[PDB]
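To begin, one chain is listed below as C-alpha cells, in the form solved without the partner chain.
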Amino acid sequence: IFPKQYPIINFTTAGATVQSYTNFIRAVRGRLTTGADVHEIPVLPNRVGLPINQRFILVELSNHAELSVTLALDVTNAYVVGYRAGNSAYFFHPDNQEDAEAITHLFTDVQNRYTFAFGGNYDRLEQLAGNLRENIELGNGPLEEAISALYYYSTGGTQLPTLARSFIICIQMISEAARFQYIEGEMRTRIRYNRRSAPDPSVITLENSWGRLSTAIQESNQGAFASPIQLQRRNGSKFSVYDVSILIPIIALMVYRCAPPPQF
C-alpha cells in the first residue's frame, strides 16, 4: 500500500436491508468526523491544513453479481472525488491545483489512471446524462445498476450518459445521505418498500443548500441566523428557517467555514 492507509467501508446491494444501509451510512459519518469541533452539528475537517494520510475515506460497493467499485470520498466535504474499477482509476477534474496534489495519493497501484475533463458538480453531470435529479430514480435497485455501469466503464460498456447518471445516484445515496438525516431516511424508506423514485423538491433544495446552511449555522449570531433561509416542502412550497433547532434532526454534517467558537 502507499504510505499511510486509507480507511475502507464496505456495502453490498445483495442482502440490502434497512439495517445494513443505516449501519453503512452512520459508519461513513462516524469516520468522516475525525473527532471534535462542532451548536449541535458535527463539522468536517478543515482542508487548509489536513494531512494527506487523513484526507480520504474509501467505500467499497459490492453488487449482487460480485462487481466491486471503490469510491474515494473527500473527508472534508464527503463528496466523491473518483473511483477505481478493475485496474483503472477515474477522477473528477480537480477544481483546484492543490486537490490534484492530494488525488495523486489515491489508487496509485492501478495500471491505468484517468481524469475527466468535467467536474463532479450535479449541474455538469446532469448535462452529460441529459437528466435532472428530479427524474433519476433512486433506491437499492438504481444503486445496484449504478455499480455495474461504473464497473464496465473500464472495459468498453462505457456510454457516457449512463456513467454520468450512475454518479448522480451514488453521490445522493452516499454523500448526501450521510450529510442529512432527512436524505438518509428518504433512501431508507425506499429500501423499506423496495421502490424506485426520483427525489422531490424537499431533497433537492437541501442538497443545493448544504453549503449555504453550513455557513449560516456556523455564522449564526449566537443562536439566530443572519437572515432567514427559504427551503422547499415536498409539494414544492417554500418556508423560512430562522434557527438551527428545527434543522437538528435534518442536517448531520457541515463543512468547515470560519473561526471556531471561543472543547476546553
Given for the second form:
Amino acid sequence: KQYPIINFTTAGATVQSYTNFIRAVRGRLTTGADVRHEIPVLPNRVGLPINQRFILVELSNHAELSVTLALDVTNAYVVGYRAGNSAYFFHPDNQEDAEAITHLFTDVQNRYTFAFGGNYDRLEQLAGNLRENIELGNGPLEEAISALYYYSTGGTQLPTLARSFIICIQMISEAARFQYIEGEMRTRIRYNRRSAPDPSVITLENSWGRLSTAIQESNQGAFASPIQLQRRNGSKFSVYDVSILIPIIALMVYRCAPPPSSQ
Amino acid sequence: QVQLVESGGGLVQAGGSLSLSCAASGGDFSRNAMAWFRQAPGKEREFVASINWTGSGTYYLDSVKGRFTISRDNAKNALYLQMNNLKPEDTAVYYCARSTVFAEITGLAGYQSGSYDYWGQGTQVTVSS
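Form solved without the partner chain done; form deposited with the partner chain bound now:
And the full complex, kicking off with our chain again.
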C-alpha cells in the first residue's frame, strides 16, 4: 500500500537519535548493493518501478504536530509533503515526474501542486533570504515542522514556509547525502545551538551532483578534473581525488554503470 | 499585477451555444491552476470546471459534464469555457478564477472558491425558453 516510512521527532532529540534516524533513511534510500569507491550509489532512475520510487519521512515535534515528507530515492530529494488531509508538491520539471508524484499520498482529501519548484534558488527568493542567513538545528526544525502543519489551515505564510522547506531539506536530504553535514547538525543538536551553515556546507550542497559524476567517472579513484570547494573559513581548495570524499559524502546519484571486477 | 477579464457572454435559447474567454495577464500564467465558477442571484456560488497548469487534467460539475469543455492557451495567457447544449439552469453570472500559488488543485479543495486568490469581473449568461 504505502512506501517505506522513517520516523523522527525533535522532542528529546539527541545526537544519537538524530544519527540513528539519518542512518535509517539511508537504509531505505539504497540497498547498498551498488557501492563505488566504498560509496553507496542511489538506484538508477531509468527502469525504476514507481512502487520503489519514493520513501516517507515522518516528522513530529514536542507540540506533537506531525508532517510526512516524500523523498525521491533517485536524488534523495524532497518532492512534496503531507499534513493531515492536505498534500503539497513542488512544481515538477517534466511530464515524467508529474506522473510519478501522483502515486504519492493517493488517499489525501486535497492535493495541491505548487507553481514553484523546490530548488534552492527558488526557495531562497521566496523565504526572503539565503541558506547562509537561515539557521539550523533542533529548534529551527521544531518551528518548521509546525509552520508546515499550519499552512494547510492558512496559519502559515509563504516566506515562512519557504524558509521551513530550506531547513528540512538540509537537515534531512542534505544530511543524508553527506556524513559531513550530518556531523554539522550533530554539533548543533548536541549543545542545543542554532546557527546558519558555513561556506563549506553550502558549497558541498551545490557540488553534490558534480562530485557524483567525477567519482563514478574517476580513473582508479582519480578524477579527470578537480572540483572547487570551501572550508569553514570560506577559502577555496580543489579536489582531485576520491579518498578525500569517503569520510564526507554518504550517497551518490547514479551517473553510469558500475566498474569492472578489479577496483 | 494580475488581471482577469471574461468575454463571450450573452443570451441564447435552450440548446444554444456560447464560447467564453478569460484574458489573464501578469504573474506566471503557465504555472497557475485555473477554474470557472458561476453564481445566480439567490443561489450560492457553485463550482463549474477546473483545469491544471499543463494542458490536461480537468474536472467538471456533473450537471455540465459532457456539455461543457474547459481549456487554456498558456501562450495566449487565456482560459476558455465552451458551453454547448444549454439549459435554463445554466443561467448565471460566470466568473473565472486564478491561483498564482498553485499549478494544480485536485480533491475537495478544487471546488472551493477559497483556494483561488484572483477573480474576474464576471460575464452574464442568460438562456431562454
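So that the term is clear: the rigid core is the largest set of C-alpha atoms that superpose within 1.5 Å between two forms. Residues that one form lacks are left out of the comparison. Positions refer to the first chain, counted from 1.
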property	result
Angstrom shift of the Cα atom of residue 30 between these two forms (superposition on rigid core)	1.1
Core-aligned Cα shift of residue 213 between these two forms, given in Å	0.3
Runs in sequence order between these two forms, three or more residues long, with CA shifts of 2 Å or more on the rigid core	221 to 223
